[PDB]
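Student: The residues making up each chain are set out below.
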Amino acid sequence: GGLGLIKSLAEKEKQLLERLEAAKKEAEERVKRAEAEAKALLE
Amino acid sequence: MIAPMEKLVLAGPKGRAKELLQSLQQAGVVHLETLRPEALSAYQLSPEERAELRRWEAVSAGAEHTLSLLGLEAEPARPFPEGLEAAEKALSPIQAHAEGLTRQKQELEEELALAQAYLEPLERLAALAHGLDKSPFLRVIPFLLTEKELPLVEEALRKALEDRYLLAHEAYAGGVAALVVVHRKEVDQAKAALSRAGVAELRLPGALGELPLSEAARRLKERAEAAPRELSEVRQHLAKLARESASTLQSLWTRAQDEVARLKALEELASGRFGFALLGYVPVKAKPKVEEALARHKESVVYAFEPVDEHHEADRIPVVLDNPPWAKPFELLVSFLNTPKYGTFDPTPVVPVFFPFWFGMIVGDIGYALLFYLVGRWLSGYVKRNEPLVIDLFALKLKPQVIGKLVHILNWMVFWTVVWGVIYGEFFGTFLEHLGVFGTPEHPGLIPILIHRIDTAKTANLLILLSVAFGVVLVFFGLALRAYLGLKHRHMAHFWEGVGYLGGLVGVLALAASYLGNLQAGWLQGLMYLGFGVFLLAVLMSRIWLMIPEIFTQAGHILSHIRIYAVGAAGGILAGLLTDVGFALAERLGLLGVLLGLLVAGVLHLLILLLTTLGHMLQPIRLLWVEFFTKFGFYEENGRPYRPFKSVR
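From first to last, the protein sequence lines stand for chains I and N. PDB author numbering puts the first residue of the first sequence at 18, with every later residue one more than the last. PDB author numbering puts the first residue of the second sequence at 1, with every later residue one more than the last.
Honestly, the hints are just simulated from the structure, not real lab data. One or more of the hints may lead you astray.
With a straight-line Cα cutoff of 25 Å, these simulated DSS-like cross-link-like pairs (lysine-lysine) come out [as the list claims (entries may be wrong)]: (1) N/289 with N/14; (2) N/105 with N/14; (3) N/185 with I/24; (4) I/31 with I/42; (5) I/29 with N/328; (6) I/49 with I/29; (7) I/24 with N/18; (8) N/134 with N/89; (9) N/240 with N/328; (10) I/24 with N/134; (11) I/29 with N/289; (12) I/31 with N/328; (13) I/31 with N/14; (14) N/148 with N/134; (15) N/328 with N/298; (16) N/185 with I/29.
Quick list of simulated restraints, FRET-style, between CB atoms [as the list claims (entries may be wrong)]: (17) I/40 with N/638: 51 to 61 Å; (18) N/68 with I/33: 23 to 33 Å; (19) N/315 with I/48: 25 to 35 Å; (20) N/243 with I/33: 37 to 47 Å; (21) N/85 with I/21: 14 to 24 Å; (22) I/21 with N/312: 32 to 42 Å; (23) I/33 with N/268: 40 to 50 Å; (24) I/55 with N/86: 49 to 59 Å; (25) I/21 with N/71: 50 to 60 Å; (26) I/21 with N/26: 45 to 55 Å; (27) N/52 with I/42: 30 to 40 Å; (28) N/268 with I/21: 13 to 23 Å.
Idealized CB from N, CA, C, for every residue including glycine.
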């Protein structure tokens, strides 16, 4: 019941932390791809 | 009875949790619970929220200090809903005016006291010092001193120059103003020698002992002339400021108490990492209003409304009384005891059944019951005045609901009191001496009374048997309740203990009535044998060495019920002896000073009533709390209290 609600809020925190870390990793990958494309444009 | 005290669990986001905290503070029907451990955060809200809470707490503390300086009392009322800075700006004008007034009036009173302390003597000294006030050849040591030790100071004056040192006490001889004037350095040595002989130059505080004595006397005369009207106007201004600002101050104080309570309640939460969850306890009879408030929330959020834990360790679960409206006033007397084990039976209805009957059988004076009804009428008039019952003699301001419960208990006890006083046949003590409204064989004037109350040889055995039987039935009910609680809680130790107590008590009562009472112990021989066998069998089923001392303690607790009959008979015999001696020395000695002798006898009877009837009413309740509570335990961890949010208004 309420302990399941507490663990559900904790698992929602875990899922949102996983989503934020994956968003940061994909953003770093997209920034690296943009840097490679800009290096290609400069070359 | 013990309530259900259902447990509630709530969860959601954070701002919705703050709004629901405001809701459950407005709907303060659930006591709080931490439940921090399993996968939760601490819900440390904010240091900015901590600073706003410190601002609100400082506002409430300053409001309480300003109410104390205003002299008014801090009463909870309807709150003043506004911002914290606006409430601070409103309070600080009033707080600054109150601080300035409390400084100025106290300073004016202290200035009036210091001016009147040395008003006339400094005036006489400045009158005598009309030649050398600041003349550059002589100092002035004036001493408002004691009686005629002026020769002892004249010894030091002769130690100074004799054709100099004008040193005498002129007038105002309460402090004889021995002023001395000689020189600068010679007068310094002379003042040292005079202080060695006992003298002191008048060094007062402020400016009266810090300026020239003529200007000091003029300023002291101006202060003494002005300080009375200044203190009166300051008291009038303070009274008008209190009468014009205490309502807004109390509304702001109630709102600040509400906001500070909400701030303190926000600290006790448990977060869920941009989520929040909490546990609490609310009554199942209050589940409807709590569910209406939960639907009144912004989401109707997930409220796991489970019941409390069962009789195995319901200790964090709170407790609350479940009594009838007739049984509602007994909860006030049961509040002297602690809360229950949440599965322990509240015997407060049996308390209102038995202690009213025992107090009726104890208090059987019709004059005492008439005084009780008259005091109930006076307290009912005071409750019609609807003030809190404030006895500054007792220093107790009580709720008028407590006074109404006391009046209802007084009526419910006075019914049985008048009933047993008719059973005792006692009218204002003993009015049957003059007019026999009861019927005795010695003096038949009317129909008979049940209790003779002067004759006891027929009454002692029956009164002792009834007082034994009431306590025995109470002890049997207590042992049965202990065994039933051990069965319901699955505490087979307590169940076997109550069973062995009942078996040993039955065997001991059978053996006592057989051996010590009459003959024919044939029906009781196997009774005592089976009772001792059951006691030994449940002792082996306990094996805890709960020895014969515990059984003898229960036996003495059962036997203590005869003291109620003893105390009732003692109070009746004392009132009868007082009324009989008064009637004898009044009518039988003279039959014309009957009014003064009756007044003296009534005053002595009222003094004896004020001395003894309170203890007579308390010792039935004392024996009831000693017997019925302890027979059911009632000292086992005291449970938890139903402590929800107040919202006192």
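Student: Now look at each hint and say whether the structure bears it out.
Tutor: Hint check:
no.	hint	verdict
1	N/289 with N/14	holds (24 Å)
2	N/105 with N/14	violated (51 Å)
3	N/185 with I/24	violated (92 Å)
4	I/31 with I/42	holds (16 Å)
5	I/29 with N/328	violated (48 Å)
6	I/49 with I/29	violated (30 Å)
7	I/24 with N/18	holds (20 Å)
8	N/134 with N/89	violated (53 Å)
9	N/240 with N/328	violated (43 Å)
10	I/24 with N/134	violated (90 Å)
11	I/29 with N/289	violated (31 Å)
12	I/31 with N/328	violated (51 Å)
13	I/31 with N/14	holds (17 Å)
14	N/148 with N/134	violated (28 Å)
15	N/328 with N/298	violated (36 Å)
16	N/185 with I/29	violated (93 Å)
17	I/40 with N/638: 51 to 61 Å	holds (53 Å)
18	N/68 with I/33: 23 to 33 Å	violated (51 Å)
19	N/315 with I/48: 25 to 35 Å	violated (58 Å)
20	N/243 with I/33: 37 to 47 Å	violated (58 Å)
21	N/85 with I/21: 14 to 24 Å	violated (43 Å)
22	I/21 with N/312: 32 to 42 Å	violated (23 Å)
23	I/33 with N/268: 40 to 50 Å	violated (25 Å)
24	I/55 with N/86: 49 to 59 Å	holds (55 Å)
25	I/21 with N/71: 50 to 60 Å	holds (56 Å)
26	I/21 with N/26: 45 to 55 Å	violated (28 Å)
27	N/52 with I/42: 30 to 40 Å	holds (39 Å)
28	N/268 with I/21: 13 to 23 Å	holds (22 Å)
Violated hints, listed in ascending order, are 2, 3, 5, 6, 8, 9, 10, 11, 12, 14, 15, 16, 18, 19, 20, 21, 22, 23 and 26; each of the other numbered hints is respected by the structure.
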